[PDB]
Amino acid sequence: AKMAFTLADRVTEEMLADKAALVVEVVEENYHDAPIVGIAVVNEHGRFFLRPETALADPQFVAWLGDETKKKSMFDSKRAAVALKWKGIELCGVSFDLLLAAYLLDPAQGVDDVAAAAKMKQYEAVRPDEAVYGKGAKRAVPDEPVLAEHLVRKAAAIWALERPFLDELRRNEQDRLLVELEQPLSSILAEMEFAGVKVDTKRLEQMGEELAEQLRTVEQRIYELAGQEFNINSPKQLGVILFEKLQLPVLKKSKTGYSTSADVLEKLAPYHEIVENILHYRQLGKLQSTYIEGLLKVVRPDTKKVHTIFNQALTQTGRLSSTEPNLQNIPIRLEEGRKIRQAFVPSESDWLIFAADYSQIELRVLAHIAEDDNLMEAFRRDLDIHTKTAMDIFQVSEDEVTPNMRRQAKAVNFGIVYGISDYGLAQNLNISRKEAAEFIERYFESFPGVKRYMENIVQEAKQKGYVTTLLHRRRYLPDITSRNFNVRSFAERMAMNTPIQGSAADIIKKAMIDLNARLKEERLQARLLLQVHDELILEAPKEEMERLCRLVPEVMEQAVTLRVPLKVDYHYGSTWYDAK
């Protein structure tokens, strides 16, 4: 049963109504400088398909797209906005984004096309994109009749689904979360992606040359120590050398076979000289393949920039993710890897990189939501939280805290921030499960409010079916009742952790919105480039650094008011590396 629509070959007035569902279709996964294959508009007047070479060369249509007062409902409006930015056209007036709506209503559904969103309200008069475009090698744009019908069906679904999504959002007290937070952030993210980050490719390449030379030396050493050649990158072949030829002890197994993970190899190093060489090889080879060759592959030779895509609709927490490239895991802990960040430079001469990061935002949120007196006091005094945690769990004074005590308290703190289990903690600290449970018990005696929060939030998840964040983001936890221990225990941890990590996410998202408004109010040229969970990275003219030193931390600090202060550290320099 085909859906009625006009396959127009000129733009008409009735296509430019002030409320419409709009589809601006970009089929390439990476939408930067990507083709727009077709356009559909559904409004009070009717349903329309337009060919993009017609529509996007039409002054009236382009004006309509750019007119804030002409309201549009879309799915994944950031994809469309960015593709249009590459063509010199602004998209404004997007007042409803179905992707973001579906994501807020239930992030566990994994909604990534109109059809998956529509199915949530029993609407099935639209096909999945995968059924129309194909997948992998077979992926293709079909002939115009099939394409046009698909785009009009997606637009009609958007038109029909706006009301029931907005109604459920409102029942959930999430309507302002959509309208005041996620949608405005989606525009800000679109600008960041489009701007991109400049890369000194010449420095990356010379780095790669040194690494290649280093890898070759260590690789030869390994063959000599093994007395043969083999694929060092294959955990199977490496397993045969280590555990069969060299008869090293098997300390841990993986579902497939013998574990060759870094932590197992650390413990084998005293038996054989090969082990340290393998570890060195794995460190260098990760830098080379993931961070030098991987970045070079996605730099546009055209501008020497990388344009990441932020997935705002993926995580259970509310966190953002970053792809092509992933700019959220650039090395920093070890000096050799950290030098990679010397390759990320300002895009204009006499500009600098500015970076501002929250200090312990997750634990500060926990203090706030648990109202734990001791944790709150510690933050109100701006104490070193790991030293203070050590003093309390070991019952020592400050000057009796040894480096090992601090490291282990830091690990407990880490476990709380990321919701890891007693098994996780034990793995992390290389201790027994029993000792790890002892650590946790000690922590709860020092922080009874945290313990009480942890009990209460698990009960609330059981009673309501879900937990919520500070700004009303929601996670459903149906596994909370399960009779499988490991399935149930995971859900309980997610009940504990999601209000911590998801509230941190909420705050930094609001800070991004507040900051973009302030930058414009202050007439600064400073621009946001990246977000990395608890940190914001900007670039600006050197003449703006002193003002940004005062402005950026203040905006981030004041994004919300909690029972404890928020605290923001900042740095700036010639490269991302130097903004430390």
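Numbering follows the first chain given and starts at 1. Here the rigid core means the biggest group of C-alpha atoms that line up within 1.5 Å when the two forms are laid on top of each other. First, how it differs from the form deposited in another entry.
- Core-based superposition between these two forms shows that, of 133, 394, 418, 443, only 418 has its Cα displaced by 2 Å or more.
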Contents of the next structure:
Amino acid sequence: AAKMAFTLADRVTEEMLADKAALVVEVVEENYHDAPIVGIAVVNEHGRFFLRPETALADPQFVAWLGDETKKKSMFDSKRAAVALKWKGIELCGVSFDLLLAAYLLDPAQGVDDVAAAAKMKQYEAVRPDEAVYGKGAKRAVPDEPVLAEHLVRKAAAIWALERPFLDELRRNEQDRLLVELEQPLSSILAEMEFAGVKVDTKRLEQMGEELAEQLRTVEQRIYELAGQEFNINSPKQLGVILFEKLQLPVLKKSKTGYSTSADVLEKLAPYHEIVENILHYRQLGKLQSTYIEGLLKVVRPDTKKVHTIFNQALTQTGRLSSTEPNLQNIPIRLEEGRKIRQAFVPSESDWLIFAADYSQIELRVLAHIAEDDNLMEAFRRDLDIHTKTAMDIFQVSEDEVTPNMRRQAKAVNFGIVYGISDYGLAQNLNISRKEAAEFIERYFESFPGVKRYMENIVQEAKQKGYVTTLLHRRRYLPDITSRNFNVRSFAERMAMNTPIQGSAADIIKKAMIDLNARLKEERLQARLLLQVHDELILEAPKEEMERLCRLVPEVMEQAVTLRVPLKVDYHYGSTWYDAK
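So the form deposited in one PDB entry is up there; where is the form deposited in another entry?
Shown below: the chain alone.
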């Protein structure tokens, strides 16, 4: 395997600053925030170059070239490079092609997470997987200069070679604008969000942690008093023995490994013995303690008291974002004791406030749009309570005859319809029988014949084309749709049904983010985007901007696309994330 030719440069030259280049700014640490850049490579019309970061990033011409938006770069995962460079006070501009995002749009099922995996999609194999170069786990390391340098230049050369074929394919798929006008500009916005971060009131979490520690100690002792002995409550072997052998509790669910102690199961066992509610309480508290007190405190930067998440923009199969380290998309809200964690998330400057705007029922509104179901579209045109309306229809009752249990069940059905669910899975959910579940679904489709039609038509389209699409032309390939195995085919069908709804919702909120960022700038507001949680945007702004944000944010979000039904956005603000309710 003969080396690829390149200049191991000792200094930056003019021919390295062409107005078109593939660029590699390598950040090997997974978490790129304030992380080292271990090397640089540039491939352009004049050749291939490796530069050492301490050289290139001290060179004013290079830094200016980095920041010049008329000097176009092709990269893989530009957000990583962008953020790492922001921490060093350097702006990266002019990124006109991101191979990671191109690969993700073409097929999110491939799990492209390095240049080698993207290149393999076009039968290009003259580059190694990062894992082969860096190793894995405790053996992970930056290799010596000649090996590192060759690797970065090969990645750059791959990018240079693969841009045209990736773009041609995106174009054939009508995904070219989706890359260039949505995902790439979103990438910059997300880079700013991650860099800005979110301020944490660590003292507040620590005293929450102190309280929890005390309450956990109390319940733990109670559990041991009720069990008549001590044991590792978090050990599935030990607990299963206490519950199902020593205390003779019925076994309602098994798990391949052993006895199920899932919360759905424990709830049914609670009548039999007082230990059960205490174990549940213990789990709720321990979850908060371990994950959202301890876990959060571990990743707060002590110098700024901020958490800086990383939004994985090229992971989920539907076009949603994900968030890591910490995950700021699963902060408790459902139960009050856990929701109080949100009080620890505070504005980053004094006299600023948190502002949260969320779409109201975006998935069902999208479904109404794509199905063209007359009844559902009317329901949203009237701005009805959708679950109450759905109860009225499937039970054939007047609004005044809808009971709370009726509403709750219509709500579960609505979620089921959205997730493409079937008699069995709705059964599990409503704690009812398969045949009953099947009658609900049948009643649903009688009231919403357009949605039935859609569910039928989309599964057939998935079979005929091999994939389904979203509003903005995101794509998901569903080859299991023709499996002769019921369970595998059926999962594929649900995906066929759900992906255009979940994915189109993701598309809309991504566009809103772009539109919003543009409006914020035009208006010269200091308001800034901090977070996205699938159907909601969280910002922080001076107290003096709230009144304008109240009008501006919902409007931008509501007007992002025009559907057959209105989009509706609710909003709140307050001293903390908790209070923005």
